[PDB]
Each structure stands twice: as structure tokens, then as C-alpha cells.
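*Asks:* With these hints in hand, go ahead and build the complete structure from the sequences.
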Amino acid sequence: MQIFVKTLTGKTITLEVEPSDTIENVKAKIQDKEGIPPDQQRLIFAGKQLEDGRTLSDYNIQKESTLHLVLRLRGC
Amino acid sequence: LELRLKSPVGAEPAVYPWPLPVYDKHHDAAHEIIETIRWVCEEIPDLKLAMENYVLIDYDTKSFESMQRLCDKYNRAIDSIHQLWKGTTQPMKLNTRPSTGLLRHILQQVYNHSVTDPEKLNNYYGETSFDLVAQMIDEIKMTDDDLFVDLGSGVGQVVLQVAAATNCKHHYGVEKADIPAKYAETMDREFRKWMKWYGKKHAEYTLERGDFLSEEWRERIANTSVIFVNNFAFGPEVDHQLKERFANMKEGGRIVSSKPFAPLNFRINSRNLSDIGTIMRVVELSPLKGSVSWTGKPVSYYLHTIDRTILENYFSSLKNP
Amino acid sequence: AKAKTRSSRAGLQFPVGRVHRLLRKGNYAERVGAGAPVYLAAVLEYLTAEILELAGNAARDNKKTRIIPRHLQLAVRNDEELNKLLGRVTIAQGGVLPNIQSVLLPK
Amino acid sequence: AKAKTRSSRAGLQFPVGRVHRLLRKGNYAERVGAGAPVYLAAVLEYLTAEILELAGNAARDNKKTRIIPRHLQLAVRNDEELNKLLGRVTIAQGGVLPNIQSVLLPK
Amino acid sequence: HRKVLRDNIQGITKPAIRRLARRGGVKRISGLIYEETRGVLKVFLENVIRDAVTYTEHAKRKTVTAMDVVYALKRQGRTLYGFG
Amino acid sequence: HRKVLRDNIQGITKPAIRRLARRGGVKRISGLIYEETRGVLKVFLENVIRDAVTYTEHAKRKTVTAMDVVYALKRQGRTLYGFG
Amino acid sequence: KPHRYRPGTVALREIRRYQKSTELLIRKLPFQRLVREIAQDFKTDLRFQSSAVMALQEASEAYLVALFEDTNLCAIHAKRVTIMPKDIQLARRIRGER
Amino acid sequence: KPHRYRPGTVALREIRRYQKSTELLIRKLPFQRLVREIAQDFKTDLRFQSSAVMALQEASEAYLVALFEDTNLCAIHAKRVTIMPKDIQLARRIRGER
Amino acid sequence: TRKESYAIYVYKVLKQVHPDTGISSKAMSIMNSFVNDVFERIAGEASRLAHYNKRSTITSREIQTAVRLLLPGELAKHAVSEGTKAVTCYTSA
Amino acid sequence: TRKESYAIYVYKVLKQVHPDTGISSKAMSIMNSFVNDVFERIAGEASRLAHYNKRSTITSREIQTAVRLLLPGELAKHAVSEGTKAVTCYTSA
DNA sequence: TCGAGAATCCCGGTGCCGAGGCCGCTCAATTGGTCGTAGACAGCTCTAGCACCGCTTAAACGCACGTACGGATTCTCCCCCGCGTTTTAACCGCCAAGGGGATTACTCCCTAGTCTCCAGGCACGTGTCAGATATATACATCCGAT
DNA sequence: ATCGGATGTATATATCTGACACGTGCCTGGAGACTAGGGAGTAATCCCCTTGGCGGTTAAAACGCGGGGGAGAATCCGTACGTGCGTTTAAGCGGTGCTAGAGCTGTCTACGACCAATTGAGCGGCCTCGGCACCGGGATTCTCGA
Ligand SMILES: Nc1ncnc2c1ncn2[C@@H]1O[C@H](CSCC[C@H](N)C(=O)O)[C@@H](O)[C@H]1O
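Residue numbers (UniProt numbering), protein chains in the order written: chain A, 1 to 76; chain B, 5 to 128, 136 to 332; chain C, 13 to 119; chain D, 13 to 119; chain E, 19 to 102; chain F, 19 to 102; chain G, 38 to 135; chain H, 38 to 135; chain I, 33 to 125; chain J, 33 to 125.
Do not rely on the hints blindly, as some may be mistaken.
As the list claims (entries may be wrong) - Stretches of chain J that chain D covers, calculated by requiring three or more beta carbons in the stretch to come under 8 Å of a beta carbon on chain D:
hint, region
1, 49 to 62
2, 88 to 98
3, 114 to 125
Note that these hints are calculated values from the structure, not bench results. Where is the CB? At the ideal position from N, CA and C, for every residue including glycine.
*Replies:* Shown next, in the form of C-alpha cells:
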């Protein structure tokens, strides 16, 4: 199915997803397709701060829907 | 005896003891009543239209009877132009926005009527002039939907400056040391009563005590957008914990500070991603540039703005060749 | 055991293994605490990062994509703090900062 | 087994035992040869002999029999090579050499 | 209670800088020397005291030793004999 | 065979000292600068070479190698980067 | 007519006197208060050994009279005899301190 | 009438030429002969690695360049523009070398 | 014979702080000699700081005081910050 | 506790070279610090010399080269002559 | 072309407190062994430094000439020195408080050391791209003529 | 002041090239996993010595006033130094050839760490006087207006 990834500067990228795979896998594909670090990104949709071990369907975001992208400083 | 003059609109009347208030190097009560009378004069044109009458240079500080005569002239004048206000004639509306020197000496009036002994403030902090935050207001452009907060307000003078001068919904001020926050709650109450005395408009604001790195304050600064600090001597750990606190701010949030958290020649690259310099644009102002009392050369209070687009174009510029 | 290098635990790029070996086999003191070579390699990696950043800026300002020694001298003699740390040193093939005294230019 | 000291074995005055202990415990190298502290205490004794001889001459010229620091400053500044060796140091309560520049004496 | 000295550099008075300059062998001293020499002495003391206070605060002490000032001068290449 | 060099201090030419002073920021050069600078360069090279030849006499070598010159200059304060 | 030395020879008499003696020139308590005032900025509530401010004073007078020797050579070099702030700044810019 | 530049601008073009460039401004083989002549006084029939001659050259000419900077500051301080041997002697006396 | 160097590490910090540029061999050996020189300065000051307090260790604190003495001002603050950041990232591993 | 010094040895060399002259306590401490500073310079140059050749020992050769490096000219000649005389007077006995 | 006020020096006289010699008492220097290893030395290899040649040509030398500049001169104002009166803070001596340095005892964590595994980095080899060089022509500018 | 001629330097493009950049075995140095010991953290306690506060004295600092002399400014002179130019020269490049010496390796012996037992050198502490600090006043040597 389809996903929208909204950036906070006003851009979206449309991507090929499976809801059965984890969101860590699609954020790895976000790394391979844009270069955003896995530690640095965080994706939220309607007050729902995602976790990497969970999948897309586990937080109930459907087809042709958008995840909002915001960044945090990585640290160690 | 006593000395009283009521508001030009008719609030609770301004009271003064017949004993002399002497406070500081430059702040006396005679100059206080002189500057307050002159700014009440400059606020309404009819007042200096009516009271040009025959009072020249011959008046001195301790000679109290000429002060009584002049203030009795002003009291008769206040009652009489109130009777001129009682007719069909419209006055100047109370809910208008004030001037700049008006707020300057209204803040110096709160400085007078609340703090008497400033060197007890030495028990350790310095003074922030109002022309600094005035040229900041010349630089910063703001709305109603954002929130103003200064962190480490001291006596809280700039809190009252922003709360009476411009229009955030909720202005905060914080102070952790016992003596300037101790004086600052009284400054809050007396500034409330002096805003009743002058009758000029001012929005919702508070003066609080606490450590602004606490767990409530973390999401509290993560709520607001407009922040002022004087971070010359906060220390390293305070500023770094505040950096990882301001990382959770929304778009367009603005910081004004003395020691800049990121130097203005910043370029982001794959080593310093953890720093807050990836988030902020840094611009420089031009204040009066003084403060020759301690160390101060010509230095500006640099403005940071949360700009998360430079990080985005760096991440997309990662795949150029 | 899966061998994870001690520079990779700290996230430094400079080695702390080699810094630890030099601190031991240089005779600075008898014992070398384990928290010291990671600290020292962080400081060396930071100073290399600052001189390389200013050198890359001075090389890209000269429209070259390669750091020549002249770009290193143009880096460390312009920043006043690196000029204070590297005050005594001669960088070979380094050149001089172009600064002529304003007395010599004619009115 | 008569305890004949190494400071007396070489005809020196300086404590070759103490100089050897300082060379070992001071962490200069992982081992210190036996030829090292005799040589080093000889050099220290010679430099102390030259400084004390010149200071004794400078105190004898001032008709005093105690070497105060001012005589040490006159000793290390009047000679050329001790002034080159001690060029950085500032011998406290030592004063300077008495000389006025030739443009300043009246004419 | 507590105290802080507001501007105490004028203890290096004009006859003190004059005496120091007469020791070095100057014959006549312009009047603008004294502010410059107070600035030079303030920078030199700031450097030596900064290294001495660092040598002390390393050792978990609150008294700047004479050995700490001697090491702070030996660090900058101004070795001082007489205090250890 | 062998060769023995009489004087090559006149080989540091007048255009060489002119080029060196032009690098320093000197506009006019008096005519005695060439002799004084040949003297200054001879003193400096005597110091660096005396220390380098001692560093290479210690190691039982007969080639003054580049590390010996770099260590001599590191001894006199003029640390040299770019040779090891 | 009072007896008055010409301007220039009380200076040379002072030079001979302060060069032939070795005492300290700055008064000891102003220098101690200056050392405490400068050490106020790095760590507060620092105590000083008495020999520590004595060592700071020996070092500061030795540095200042060496700087005044260098600035006197510069002022003599400019065909003058009066040291000036140009001279002190030149000596410090040549010795590598500015 | 031939095209002649006012005395004083080929000097400034020379300064802007050599200050922006990184050559070795002394020729190499006279410097090799100078280094071997000076080194014959300390250890007879020595050899030199070529990198050591380049290290001695880069060090000696960078020292001479810094000396001519201090000398030019001395000469400008004396209200002249021409470095003179008393200017080099002053710069080496202020730096602590004579 | 393996003559070790800081070639590859200065190269990695270059490819971090400047993803385009490279470094010529003369400037490579200059940064080699610079890293060796700052190492010998900080280790020398740490050795003297260990010997002056009658300790026998170069711990992290002596390298921190050595960096506070040698590097001037803002380099001291930044290098102290980056060092203690790396040592606290190292100890929690 | 016992704070060691070179006081009595400087006193013995003074009694050798000037049999009637004494040394005040401040000049005693100055010669103490001078002996300590010259010992630290010669041992520092000897440790650097013994490390620069990848040796491990401060022999008499290294102290001889360090004294030849630090002291200028005639002091170096007289000091290495005194040192080699004392090391031969030591090793023969 | 010197006497007179005045510092400076010198010389005898008094007092003090720091050098200087003496004395128990540790504990660090000495001596006597043992053993691991580092340095001395022999010998072989093989880089590289010295030496030499000739060609090319960039550069150095010499030289006359003109001009800016260094140096001497004279003058003029101000400013810094010398002196005298006021004034003030240093300094000495003494006083107590108590902070923190110095020392000791205790205990355990941290690091040398060692033995084993393995991958990080280094010498080496090879492609190819950034820069150096050469050329060819636009801009910056310097300087004398009007 | 304005304005071209000649010059110099910068900007653009095509070329070669070699030095940087990256991939390959490989080997040794770094990581890891115990092991033991002592070095260092921590607490407690003694007591030196550092800060802070009296007052008395007074030498030194501050202020102010003539005033001479020195810094600086303006002017003038000539000469020493820059600039071209042509004439010399020797540096640089590019090869070849050698052997001297750096450098690596392979034994091996002297030597120095290490440790235990022994003792006197050198330490702190304490009398003890004498070299010098202070001092008083007179002779000597200036410095200057005569
Ligand atoms: N944790 C904390 N919470 C609140 N105030 C703090 C703080 N740490 C320091 N501060 C205060 O920060 C102040 C710095 S002075 C700033 C003066 C005042 N904000 C003005 O602009 O006029 C001091 O009063 C200090 O007490």
C-alpha cells in the first residue's frame, strides 16, 4: 500500500510499504532513501509517538495516510 | 503630615510620607514625583494644556510647602478636569497602549516603590536596562498565540516590561535565589497596583520561583516559543541541559541570550549533529552596547530561532554526487 | 567475545588503543588510568577536527578541493586561539598571512 | 662490608644515591644505568661550584660574607654563559645589573 | 558576611610604576604609560593566577600554594627561584 | 677524494634576502641588511646544526637526518611540523 | 633662590638607587589585594599562602622591569628618551605576547 | 619616454607576490653548501639526508621571515620605512637573543 | 617496518568534517606531526601534574587539567566538554 | 615529615670553593631550586634522548649528550670533562 | 670656570635573630646476591646520498640614473619632572578564630600483567582525477601628460 | 581631476601527470577475561597558618605649581636605494653510478631491576653567637647657578 511521509519544512515523500513490517525497517528505508539517521528521527501521527519494535498496523495508521516527521538531537 | 496625588483617571490615590525617602545614588522621591507628574503630563495633552500656569524653577527637595502648594494645584486640577470629563466631552480612553518612556519610568517607579536596598542583592546577578529589551522589541516581532518567558528573571523587571508593552497570552518570569525573587513577588503585586494607578493595559503574566530545569519546566519550555536569558554566567551544565530542553521546541521559537549557544559561523556536518547548532539560525542585533561597569565591550544579545530546515537540506544534500 | 574496539565504544574516530599504548610506553607516569586515553583521544580528535574544519574552509575559499600546507597555515594563523596554541611552530611549506603595514601603502 | 658511599666513591659532594633515586622514581626511563647518577651529580656539582664561586666573588666585592640572593643575581648575570643557561629565570629578591643606557647619562 | 573589591588595580600606584620603570633604567616616563602598565600587569597576573588556580583546583585544595605559583610560572617559561 | 668549502655565506644572495624581506612585509631595505642578515642566518644555523649534529653524534650515526633537525628545532622552541 | 636640580638628574639618581638595591617596589598589601581581586574570577573563596603572593610579586616585578628594559631600548631606538604606550606595545608585539 | 613605475610599487607588487606564495625563497644548492660548511665545524665528513636540508631551510627562512616582520615593526616604530641593521639588532635584543 | 602514524584517523575526521575535500601528503604529515605534538604536550603536562601531587597515575582528571592549562580559553572549554562527553559515553557501555 | 633538599651539599661545595663564606637561607633556597631545575632539564633531555632512539635507559652517554645540549659552550666542555673524570674515578674504584 | 646645599658614602657603635654547629633517630643508601633482557656487536642487505656530466635558462650581478627619504636643523608648545604641603593608607605589632592542609589508618577498586584470539591498519599495488602548466585573452591599475 | 598606453594579474580552457584514493594479504597490536596488589579514595583528627580586625605611627602617595627640555612638526638637502636593462653565471633538471651507511636480524653477555638485611647520612629540633641591620654623625662627592 501507500505511505506519505511529511517533513516539517513542508515536503512529503510517497513510499511503498508493508504494514506487517516494523517501522524500524521503513525508517531504515528512510535512511537509504534520504539519509536521515535512525537515532535522530521520530515519526508522530495524532499524538502517537512511535516505537521501533512495533509495526505500522499496530498503531492503526491506514492506507494513503501521513506520518509527521520531526527530529531530535542524538547524543550518546 | 503627608503628600497625596490621585490618578489622572481616579484610581486609588498615590500616597507619600512627609519623611524623606532616600534610596540609591540616582533615585530620590522628589525626582520621582517630578518624572511621574511629567509623564502624566505627556500622556494627556489637555493636562499640559491646563497646567502651564506660572510654576517655574523655584522648587527644592526638602522645602515641602511648595510641594504641597503645587500638588494642591494638581489636586484641584484633577477634580476640575474630572468635572470637565463628567459632561458631554469625551476623555482619552483608559484601554489604549502606552508609550516607551512611559513604560520606562513606570518600571523605574516599581523599582523605586518595591526595592529600597539593592546591595542586599549582592549576597551571592546584575541589572538589565530597559533600552536593551526595547531594542529587542525593535528587533523581535510577536503575536498573541505565542508565549513569552524569561528564565532567571531576578527582580522580574523585564517581565513587567513585556507584559505591559507587548501582547503574549501568558508571560512568565522565574527566579531561584531567595532575595531577588523575594523582592520580585512584591514587585509583581506593586506593579499590579501601579497598573491600576496609571490605568494602562497589560496581559496575563506571573512571577514565580523555581529551578527551570525541573520536570514540570521541561515540557513548560517545550510549550512556549519566546525565551530570554542572560547566560553570561549560568555555567556549562545549566546551558547544556537547557539545550537538550529547547530541542523539544516547535517551529519559529526564538531565544535571546548573551553568550551564544552556537557561534555565528556555524556550518553543520557529520560531527556535531548532537549540538543544538543544527537547529538554530543565529542573527546578531545592535543594542546601545555599553555596560562598562564590569567587563562589557560592545557586545550584542544574539537571537536564535528554531529553524529545522537547515538540517533537512543538509540531509538531502548528503546524496548530491 | 565479539570484539568491539575501545574507540568505537566512545564514538571517537581517533584510536584510544594507540593513545593508551603511547601513554604507557612513553613513561609519563607509572600507571595510566583507563579513563585517560579516551579523554586524550577525544581532545586530539577535537583539535584535529577544528584545524581540519578551518583548513577546509580556507581551501574551499581558495577554490581548491585539497588541503595543501598553505591552507593549514591560513587556518591556524587566522583563528587567534589556534594561533596562540600553535604560536611557536613553523608549518613547513606554509607561507605567511598577507598583512602589510598600512604605513607602506601610499596615500 | 664497609658502607662507602657512591658520593664519596667518585670524589663528588653531590648525593649520587639521591640523584640515582630521583632518576629512577622521577619516571624518566624504565631503567637507569649505573653510569648515569655519577655523571649527573658531577655536572650538578660543577654548576653549583661555578655559581657559588662567582657569587662568593660578588659578595666579597661588596664586603659581605653571606651570599644573599643579590650576589647570586650578580653572578648569573655578569658571566655570559651562566646568563645564557639561566636566561629565563628570575632569581627572587635579586635585582638587576646596575647599568644606565648611554643616551640617558648627561652630556 | 561577604565582599568583593570593585576596582582594585589602582593599588599599583603611579609612584610604583615609576619605581619599577626606574629600576629598568628609563629616564623619563610619559603620562600615558601608567594605564598601559596597569593593563599589562593585569594581563600577566591573570595568566599566572589562572594557571596557578588550575594547578590548585586540580589538587582539591582551596589555598593557592607558593609551589602552585612557581609551577604556573615554570609553565609559561618564566621560572622562579626562591620558593621551591 | 673530498671537498672543503671555504665560504658559502655569500651564496645567500642579495636577491634572496630581498625576497625574504619582501615576504616579511618590508618595503625599503638598507644596504647593510644583507651583511647583518648573513650574520644572523649564520648564527641561527650554527645553533640548529650544533644541536642536530649532537643529536646525530649521540646515535652513532653519520647522517644528520630530518628527525635530528626537527628535534633540534623542537629543543630551541621553533617546533617544526612537516618532517616527522 | 631655592636649590633645585635640573629636570633629568633626580631621575638618574633614582635609577642608580633602585638599580643598586633589591627590595620590592610595589607596596605589598595593594599587590595582595590585586592578586585576590584577580583570583576572584576563577575560583571564589581562595586562600593564598603569604609566600604565594610574595612569589607572584617577585615574578610580576621581574616581568615589569624586564619589560621596561625592553621598552627603554625601543624608546631609545626611536631617537627619544621617554617611554610611551607605543613603545610598550612594540616590545610586547615583538616578544610574542599580543 | 619609457614606462617606469614610481619607486615604491614594484616593492608592493613583490610583497603581494611572495606573501601569497609558498616557495622556498633561498635557492637550494647554495643553502646545501652553507649547511655543509657550517656542519663541517662540528663533525667532519658528515652526510645530510635531503629532507634534513629541506628542514633546515624551511626553519631558517621562516625564522628570517618572522625576524623581518619584527624588524619592519621596529623600523615603522622609528618613523621610517627602511629596515636597517640597528633595527635587526633591536629586534633580536627584544626577542631575547643577544 | 611498521612506522605507525595518525594518517587514517586524521583522514576519517576530515571525511567527517568535510565530506568532499582530501588532504595532500605534506599536509598529511603536518597533521600527523601536529597530533603527535599536542599529544606530547598534554601527556607531558599530565606527567608533571601527576608528579607534582605525589600521585602515580595519569587518570582522566590529569588530562583534563592538562587541557585546561595548555589550550587557550575557548579551546579549553570546548576540548574539556568534548573530553568529558566522551569519557561519560565510554563508562556507560 | 622529612622534606629533602640539596642544602647541605651546596653548603659543602661552598665550603670547598670559599672556606669562610656563608649562604643565607633565601639564597640557600635559590641554589636548591637551581640544582633542582638543572637536574630536571638534564634528566628531561636525557629521557627524550633515550626515547628518541627507541632505547630504554638513561646511560652516561645520554647524560653526556644532554649536558652537551643544554649548557652553552665552555660550560658544556668543562661539565663533560668533570663528568667523565668523575665517572672514571667511580668506575676504577 | 668654581662654593654651597645636599645626597651618598664611610666609619665606628649597638643589638638581634638568623646562620651555624650539635645531637638522637629514622629510613633511605649500601651491599650482596639472582635473573630477565636490553644493548652491543657481527653480518648481511639495499636505499640513497654524494658525485659527476652537460644543457637550459631563470636568476644573479653590475651599473647608471633618478627620486623619495633619512637625517640634520630650527622652532615651538606642552608636559612631565622636581619640589613642597597635605593626607591616607601601608605597615607593624598584636589579637583570636577556625579553615583547611597534612598526616594516618583502612579498605577495595582499578590497573599492571599475562595469555589468547582476531581484525585494524599498514605496506603495496594500481586506476584516474585534481591540480600544475601552458596559452589566450579579459579586467585592475599605475603613472605621466594636459 | 581626467584620461589612455603599457603593464601586470586574473580568469578561462585544454593537457598531462603523478600523487592521492581505494582495494589486498597479513601480521601484530589491540581487545578480552581473569588475577593480585597496592595506589588511591575516604574518613577522622591534629594544629599550623591564614584571614580579619583593633590602634599607632609615618613614609609614601596624591595634588598642585612653575618651567625647562624634550617630542613633534615643518623644511631642506643629498645620497643611498629602487628600477630597468643588459651581461654573466650558476642553479636546476635529468640522468648514471657507487658505495657508505642506515637499517634489520641473530646471538649473547653484561648489566640493572628487584628484594632482603644492615647501618649511618642526613633529617628536624635546639642552643649560640656574630654578621649584618639600624643608626648617628662627619667627610666626600657631586650638581648648579653662577
Ligand atoms: N535554576 C535557576 N532558576 C532560576 N533562576 C536562576 C537559576 N540559576 C540562576 N538563576 C538566576 O539567573 C539570574 C542571572 S541575572 C539576570 C537578570 C535578569 N534576568 C534581567 O534580565 O534583568 C540570577 O538572578 C540567578 O539567580
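*Asks:* Against the structure, test the hints numbered earlier, and report the numbers of the ones violated in rising order.
*Replies:* As far as the earlier hints go, not one is violated by this structure.
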